[PDB]
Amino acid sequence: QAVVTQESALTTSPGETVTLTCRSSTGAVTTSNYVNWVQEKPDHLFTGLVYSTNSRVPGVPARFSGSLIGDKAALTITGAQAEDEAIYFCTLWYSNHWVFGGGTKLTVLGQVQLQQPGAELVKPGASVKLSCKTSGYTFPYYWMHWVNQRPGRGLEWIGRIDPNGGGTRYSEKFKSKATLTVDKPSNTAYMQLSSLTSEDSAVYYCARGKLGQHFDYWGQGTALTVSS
């Protein structure tokens, strides 16, 4: 329902400081929105940088820091590097669903694995079960989220599953379309999509998380094409 707005693009130079912001259409961003910041490199390489406003994901360089500034959330890069040229997304929580910002292309002048099939091709009307095989961590200690991205459109949160208890939570838009399950013996999360139409053509990502700590590691996505 809400709309999350980021700068279209920004340009910085190595060694400089750059600030990206994340705005909520409903009012000020508070810590109750649990903003996460995720970085997209080419070849569908998403990595989480900050979770829950200000916590840095372990292993992320110290030059990344998250905070609140005025009514907005902010990602500050102090001493930017050429490798920081990428697209930066923020996510906000609204009581029961995540909403993605539109992303900021940052131009710079000058172990845990989530394995997804690269693509799928099915005729309309079919059902499919996408997979996400994990390694490098103990599977049932983390939730698994699913996110999709339609061509020319933004990231949209589908839902999550907790492998231990089994509990799921879905975005209203996807309740009739998607069902999340796990197979713990093989460290695999599944998402079943039913009665596919051409509007279901998109890249579908699995992304790791746990309570208060979401979107740190990502699969590379399954590009699903529905066509007759």
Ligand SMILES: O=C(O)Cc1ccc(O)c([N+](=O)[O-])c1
Contents of the next structure:
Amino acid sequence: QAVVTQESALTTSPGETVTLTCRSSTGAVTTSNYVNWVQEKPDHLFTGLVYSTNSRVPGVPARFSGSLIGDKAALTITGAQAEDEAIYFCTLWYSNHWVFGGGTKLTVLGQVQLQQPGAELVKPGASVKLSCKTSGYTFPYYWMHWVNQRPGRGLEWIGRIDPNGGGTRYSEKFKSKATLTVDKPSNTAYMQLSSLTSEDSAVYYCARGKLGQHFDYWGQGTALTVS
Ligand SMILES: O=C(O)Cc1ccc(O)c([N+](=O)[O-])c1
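To test you: the structure above is the form deposited without this ligand. What is the structure of the form solved in complex with this ligand?
The next block holds the full complex; its first chain is the one shown before.
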């Protein structure tokens, strides 16, 4: 599997410009990798910033911009603000799966809603169905991705579902673990995990997508603990 590499840490000062980069171990990053940039703030708060290389997510401050610089993708912050101190992840599409970079911790010197329960404790060998209740957009016209993050580990794409017909795609790691469904009348996406083990303990995120536009809005995550 490809490895996506980002600077581990970078420092900027308020009002300066800083550029983060995102490299592919397979070769040059291209627009066919549909690179997306997401921002993590404390307490698992994810915000989509840029999708498909250079499109800014509506509502995101205009000082964020995405581009390709030679071999790699780049996120530039033009006039860093104090609140931009955060972890920035890129993710790349490799024909049939998403791979997240390891994230850059940026130090700054000095309507759409996806709703998830905060936490749930479950027993091993059981199954659990996690919910992602949406609002502020026409739910059938967008896919829903699911992503997890084990403690101290990186982000892993689980899969996605298209509510128009229920078509799914799963990562290799989750292809026999997760079942995605939707309930259109309640505009809710579901992820069921079966045969739970302690290694399933993680925060599970839902994130919106569709062809050409992925990970622009995120749920707050459900911290699932398997005893
Ligand atoms: O948006 C694109 O063209 C990339 C893409 C294409 C097909 C997919 O199934 C998919 N996904 O996320 O599972 C992503």
